[PDB]
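Protein chains: 4
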Amino acid sequence: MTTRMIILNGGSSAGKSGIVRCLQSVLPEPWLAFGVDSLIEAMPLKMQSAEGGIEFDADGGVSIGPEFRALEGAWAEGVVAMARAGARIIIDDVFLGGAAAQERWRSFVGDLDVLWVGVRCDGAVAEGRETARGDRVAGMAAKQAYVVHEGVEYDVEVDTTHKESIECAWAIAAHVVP
Amino acid sequence: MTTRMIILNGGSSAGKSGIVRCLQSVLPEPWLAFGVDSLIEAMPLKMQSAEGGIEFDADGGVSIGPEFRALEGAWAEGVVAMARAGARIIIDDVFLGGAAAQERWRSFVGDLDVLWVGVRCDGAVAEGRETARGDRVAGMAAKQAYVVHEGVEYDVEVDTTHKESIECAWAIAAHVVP
Amino acid sequence: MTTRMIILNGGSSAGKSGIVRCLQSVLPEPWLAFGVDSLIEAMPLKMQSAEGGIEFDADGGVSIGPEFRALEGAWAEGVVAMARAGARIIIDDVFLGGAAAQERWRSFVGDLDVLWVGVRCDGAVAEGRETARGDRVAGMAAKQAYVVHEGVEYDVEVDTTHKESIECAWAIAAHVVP
Amino acid sequence: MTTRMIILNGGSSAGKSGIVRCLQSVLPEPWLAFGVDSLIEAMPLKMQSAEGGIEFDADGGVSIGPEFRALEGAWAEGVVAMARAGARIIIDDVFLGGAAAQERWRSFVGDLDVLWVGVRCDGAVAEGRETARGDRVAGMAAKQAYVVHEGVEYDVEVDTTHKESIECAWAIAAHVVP
Ligand SMILES: Nc1ncnc2c1ncn2[C@@H]1O[C@H](COP(=O)(O)OP(=O)(O)OP(=O)(O)O)[C@@H](O)[C@H]1O
Ligand SMILES: Nc1ncnc2c1ncn2[C@@H]1O[C@H](COP(=O)(O)OP(=O)(O)OP(=O)(O)O)[C@@H](O)[C@H]1O
Ligand SMILES: Nc1ncnc2c1ncn2[C@@H]1O[C@H](COP(=O)(O)OP(=O)(O)OP(=O)(O)O)[C@@H](O)[C@H]1O
Ligand SMILES: Nc1ncnc2c1ncn2[C@@H]1O[C@H](COP(=O)(O)OP(=O)(O)OP(=O)(O)O)[C@@H](O)[C@H]1O
Ligand SMILES: [Mg+2]
Ligand SMILES: [Mg+2]
Ligand SMILES: [Mg+2]
Ligand SMILES: [Mg+2]
Numbered sequence: 001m002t003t004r005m006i007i008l009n010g011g012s013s014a015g016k017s018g019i020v021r022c023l024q025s026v027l028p029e030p031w032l033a034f035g036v037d038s039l040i041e042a043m044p045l046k047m048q049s050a051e052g053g054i055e056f057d058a059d060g061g062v063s064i065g066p067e068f069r070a071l072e073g074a075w076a077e078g079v080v081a082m083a084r085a086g087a088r089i090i091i092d093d094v095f096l097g098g099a100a101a102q103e104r105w106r107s108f109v110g111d112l113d114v115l116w117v118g119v120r121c122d123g124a125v126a127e128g129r130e131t132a133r134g135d136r137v138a139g140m141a142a143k144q145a146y147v148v149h150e151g152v153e154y155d156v157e158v159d160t161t162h163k164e165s166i167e168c169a170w171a172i173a174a175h176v177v178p
Numbered sequence: 001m002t003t004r005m006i007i008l009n010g011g012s013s014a015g016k017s018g019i020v021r022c023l024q025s026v027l028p029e030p031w032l033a034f035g036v037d038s039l040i041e042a043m044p045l046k047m048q049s050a051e052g053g054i055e056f057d058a059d060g061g062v063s064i065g066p067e068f069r070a071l072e073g074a075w076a077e078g079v080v081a082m083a084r085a086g087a088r089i090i091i092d093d094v095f096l097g098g099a100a101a102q103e104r105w106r107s108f109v110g111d112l113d114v115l116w117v118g119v120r121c122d123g124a125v126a127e128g129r130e131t132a133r134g135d136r137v138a139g140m141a142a143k144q145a146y147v148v149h150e151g152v153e154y155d156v157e158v159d160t161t162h163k164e165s166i167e168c169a170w171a172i173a174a175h176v177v178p
Numbered sequence: 001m002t003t004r005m006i007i008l009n010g011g012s013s014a015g016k017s018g019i020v021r022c023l024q025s026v027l028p029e030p031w032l033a034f035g036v037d038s039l040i041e042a043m044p045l046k047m048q049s050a051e052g053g054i055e056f057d058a059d060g061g062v063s064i065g066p067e068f069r070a071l072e073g074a075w076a077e078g079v080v081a082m083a084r085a086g087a088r089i090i091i092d093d094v095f096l097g098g099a100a101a102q103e104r105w106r107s108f109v110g111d112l113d114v115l116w117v118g119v120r121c122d123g124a125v126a127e128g129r130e131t132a133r134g135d136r137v138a139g140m141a142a143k144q145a146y147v148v149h150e151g152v153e154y155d156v157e158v159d160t161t162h163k164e165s166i167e168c169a170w171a172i173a174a175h176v177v178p
Numbered sequence: 001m002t003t004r005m006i007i008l009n010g011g012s013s014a015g016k017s018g019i020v021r022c023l024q025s026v027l028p029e030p031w032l033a034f035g036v037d038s039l040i041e042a043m044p045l046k047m048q049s050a051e052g053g054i055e056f057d058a059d060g061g062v063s064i065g066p067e068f069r070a071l072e073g074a075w076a077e078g079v080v081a082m083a084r085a086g087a088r089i090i091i092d093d094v095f096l097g098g099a100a101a102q103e104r105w106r107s108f109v110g111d112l113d114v115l116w117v118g119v120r121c122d123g124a125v126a127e128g129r130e131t132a133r134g135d136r137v138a139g140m141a142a143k144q145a146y147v148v149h150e151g152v153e154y155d156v157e158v159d160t161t162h163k164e165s166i167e168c169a170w171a172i173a174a175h176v177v178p
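From first to last, the protein sequence lines are chains A, B, C and D.
For the first sequence, the residue numbers in the entry's author numbering are 1 to 178.
For the second sequence, the residue numbers in the entry's author numbering are 1 to 178.
For the third sequence, the residue numbers in the entry's author numbering are 1 to 178.
For the fourth sequence, the residue numbers in the entry's author numbering are 1 to 178.
Calculated directly from the structure, the hints in this document are not laboratory data.
It is possible that part of the hints are untrue.
One copy or two, either will do: identical chains are not told apart, so a pair holds if it fits within one copy or between any two.
Stated by the list, open to error - Here are the simulated DSBU-like pairs of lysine-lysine, each with C-alpha atoms no more than 35 Å apart in a straight line:
| hint | residue 1 | residue 2 |
| --- | --- | --- |
| 1 | 163 | 143 |
| 2 | 46 | 143 |
| 3 | 163 | 46 |
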């Protein structure tokens, strides 16, 4: 019944991190937030230049090797263990592998009560926000806007194309069982 | 005729910096961007704890003393001199003093060809974005959403309540004379 | 035998994060880094204004309430679970409670093979670096420089007062069993 | 007599920005700080991918084109105009062209009272700090450690190899005429 973990999936610039910060403010109990950004931040800088690490193409493409996966996997078991220990966890990720990525997460969460959230946004709109964010490599938002949702099953879906982050946070918070 | 400087005015979280980065991307010639954020960044950290410096109240209020003004004034003459020297300058500021703030800027720009831009956004919407930005002191967006525009005259007005940053950038870019 | 986790303890501005980034570069296998900075970053922003959250005094003091501890505890079990799952973890923390803080960590790591590292630095020198870092609240470095080491037991001790981060990283890396 | 502007020159990771923040804290009057970092930040992001913009090689090399120079030049006249208007300015730059770079600055400052500061640091030590800073492209520090000082004339020279930033700030502050 009680929601232990909230997992958001959406393309780059779809507005996930904004929604996450809104949720942390809205939800009464303290929720810990981790995601693709914090993981990469925690990983050695050289992982971004490594063999089977992660590589960001100049056109917005992304390649993930086994070195990166091995770590991410251990990290996933860790966040789940945190939830199991009583910490409310919010995870924002990018399911590059679509359904396969969701399945990978399912293998780690087991029977933990999870709230699966989909964060959609028009490709062209996301691209604009990517440019607005100033520093982002161009091309990622457009490339990930749709494929990351293929075959993915959600409990709640929000679309930031015409809805503010705080509004999507309200919609999501309503599906969180205390 | 040729636009030398673009000055944007709007409350906190109205979306100015996003628009500025979009303009830098859109406009063909290179535009240098400076604003309230970069100025404070350039000022001594102690200016934020000083006598007649700048003080951010816990409720989102802002107080500016003479020490801060003295510097800002010299800085303003500097950015104008940059434009005079041929650098295309974009300035994003918050006219806390309404018309008075615009008048102060006018005293510095002289007959320089300037494009005055107003960036409006619904107070409640701006507040939401403030929360989404995660780290912002709560209360500033609501407090500045309307008063900073009182008596201010613009050449172009954009409203980010229902328009993306890139879209507002297109509207503004159309009024920029090459 | 094989080192699974490296735990660094030292006062603010002692140079922990610099050493951690050097270790991630030096050590051949990928090491995940988490610490006080990333935890606070992951915690709701409101935790910094909460009842039994964390509070940074204007003079550099720090108060931790039960709300903060509850989360930190679950988080600690999580990073340990990550190590247990095969991820090499580096943790940089500030043992405000001295030996008590180390004991708390011991209760979580169990028999996991851990490398306890002490990072010392002259109080006045740390204070200077605090000022140099530009944005840091003044007073923290001096306050934490010595008490955080009282009764704490280390496997390796490095002193950054006259040694570069990369040098301390070499000293620490030599005690890491592959 | 009265010092109007302080210009620091040194290779990447030599510790310039740390010294600058120490100076802003130490010096009694408020000093505005601008440098290579703030300029690039103010320039369009695309300047880093442009024809005659700025390009950072993967090995730490740096190439500056005419597009970048044109802007920098106008910007230089601007900071000088700020000083002329009464704002105390601190500039931290990297004289890639050695004496030629200092000459370029001289053409802009005219007879303005300037304090020329040299910030040296052992190449290998700077490289280590580069790694410690975590995110810096490797190779820049070593490449710039010595050539940027060739034929450059200073009023004060500080060496951060064995001196803290705050200490170098004290040495520099002593040559600042009120
Ligand atoms: N609902 C929204 N309406 C308009 N702009 C938004 C909205 N949500 C977020 N933004 C803006 O979009 C930009 C990018 O969004 P954000 O960083 O939240 O995306 P993200 O999905 O977290 O990105 P990534 O997947 O790369 O980590 C930011 O500048 C953010 O402020
Ligand atoms: N048109 C928009 N639609 C939705 N979200 C937007 C829009 N423009 C900007 N945002 C988001 O609003 C937040 C705050 O906006 P931004 O930082 O651009 O405001 P600002 O006016 O520059 O703030 P300040 O005055 O404090 O410097 C950011 O998270 C940004 O991504
Ligand atoms: N060995 C060193 N010699 C000189 N300066 C150093 C050294 N190690 C780190 N520094 C500098 O000291 C400053 C503060 O150090 P750092 O941020 O690494 O400390 P920290 O212990 O991680 O801080 P906190 O506990 O607040 O997280 C930084 O500006 C850093 O570059
Ligand atoms: N005197 C010092 N002793 C030890 N570490 C130092 C000293 N001064 C600075 N550092 C550290 O060296 C690193 C790099 O220095 P810093 O960023 O100040 O260099 P910089 O010359 O400003 O770089 P750039 O030219 O790329 O802008 C930082 O992590 C900083 O904390
Ligand atoms: Mg995100
Ligand atoms: Mg702004
Ligand atoms: Mg640290
Ligand atoms: Mg610098």
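Check the structure against each numbered hint from earlier and tell me which ones fail, lowest number first. none
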